[PDB]
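Visitor: Below, each chain spelled out in residue letters.
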Amino acid sequence: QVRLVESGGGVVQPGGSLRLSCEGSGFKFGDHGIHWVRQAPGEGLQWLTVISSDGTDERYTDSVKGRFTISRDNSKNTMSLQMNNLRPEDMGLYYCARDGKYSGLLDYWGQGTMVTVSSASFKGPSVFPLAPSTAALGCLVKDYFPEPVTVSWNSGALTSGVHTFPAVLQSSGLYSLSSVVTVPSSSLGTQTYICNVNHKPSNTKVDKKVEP
Amino acid sequence: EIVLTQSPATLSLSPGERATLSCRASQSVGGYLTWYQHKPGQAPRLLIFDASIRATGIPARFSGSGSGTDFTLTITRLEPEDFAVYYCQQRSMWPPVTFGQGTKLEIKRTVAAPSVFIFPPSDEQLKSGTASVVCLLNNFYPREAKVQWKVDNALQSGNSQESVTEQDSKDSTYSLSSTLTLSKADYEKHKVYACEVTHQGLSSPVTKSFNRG
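Line order of the protein sequences matches chains B and E.
For what it's worth, my numbering labels the leading residue of the first sequence as 1, then goes sequentially.
For what it's worth, my numbering labels the leading residue of the second sequence as 1, then goes sequentially.
The reader is advised that the hints may include incorrect statements.
To be verified - Below, in silico cross-link-like pairs of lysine-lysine (DSBU-like), each with a Cα-Cα straight-line distance of 35 Å or less:
id, chain 1, residue 1, chain 2, residue 2
1, E, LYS146, E, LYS189
2, E, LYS39, B, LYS200
3, B, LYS200, E, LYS189
4, B, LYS123, E, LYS108
5, B, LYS65, E, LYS189
Derived by calculation from the structure, the hints in this document are not laboratory data.
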């Protein structure tokens, strides 16, 4: 029951900083070294740093050299990485991965915490209808920041033929997404269709009714 | 600095079939090389390290072979749980620890042509001064599709954004969403809004349109 749990992620402005954290479990932790690997959107994996398993060696990749500093405290089962003067190349998903009993072997990984670098201010979504004329209909969840938002149809009761798409980042720095559902054209003037949008980052809830 | 190049970029295969993934290093890392499995929303998973050896819990359908410069990952009898993304990672010369750009193992299915839908902007949105036109491509295979927006016969470029869902757990289909965004002033001086879709399940392009009004 090896568990690596990342914490700390969040939103920040360019030139700002965050302190990440990785808590270990189900294994004796000073013993192995620790890695940070990040995954930007529409991208692969790139390694960033590792801290030996005792406290002494710390490697970094060229790119966060200067900007990032790593550390640990085995008596607590954490480890932490302070990231400063953050840029939007830094934006992505950060995983802490354990090192093999320097192995250079990430043998167990965490799920990751998300880092967002934007000068955009928080904002709740404007929810627009994608009206039908089998039929297709949906909701346009527009101009929200930051990620994420969840969408339901009829409070959980419409689950089939539902496609909720990955959001897209516009120039405004606001996100935009689509949620559609395919239904019978005979149900249109009979059945009610409501998309439930939840954007927790802004404490915002919207229900949008979509009709013909 | 070592550079891993993976091929193919995407591999489309059926379960029961053999999958063969390659990882070329720019310079002998020799034995030294791991393979990882990655499913969306999940944590990467170590499959085999030191090139040929599976870690514990990893099935026999998985074998690594190779040396120094050229490596192969064979998943010899595909289960649905393997369609994931595979990455190779080197550790002879680091930092930095390098990775390939991954190979995506996707499911081969029969060609399914997209059902296309076009959606005009709501009146509500138009009051805020912007207009979003949306074109939906529903459950098609394969993934490669082409959306071309046209406004009053003029081909649009640079004013659209797109999104594709993950392959369906049930269908093995993909759906795509395209949003054409324009000012309200522009939306109102034009008439014909069309969405042209090009896909291998069509003998020719499908066009859904609407006239403002």
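Visitor: With reference to the structure, classify each hint as holding or not holding.
Guide: Hints, one by one, checked against the model:
With a C-alpha separation of about 26 Å, the suggested pair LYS146(E) and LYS189(E) falls inside the 35 Å cut-off, and the hint holds. Annotation: proposed proximity of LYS39(E) to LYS200(B) holds, straight-line Cα distance about 25 Å (limit 35 Å). A C-alpha spacing of about 38 Å is found between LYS200(B) and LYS189(E), which places the hinted pair above 35 Å, so the restraint is violated. Taking the CA atoms of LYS123(B) and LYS108(E), the gap is about 41 Å. The hint is violated against a cut of 35 Å.
For a cut-off of 35 Å, the pair hint linking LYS65(B) to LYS189(E) is broken: about 53 Å separates their Cα positions.
When held up to the earlier numbered hints, the structure conflicts with 3, 4 and 5 and fits the remainder.
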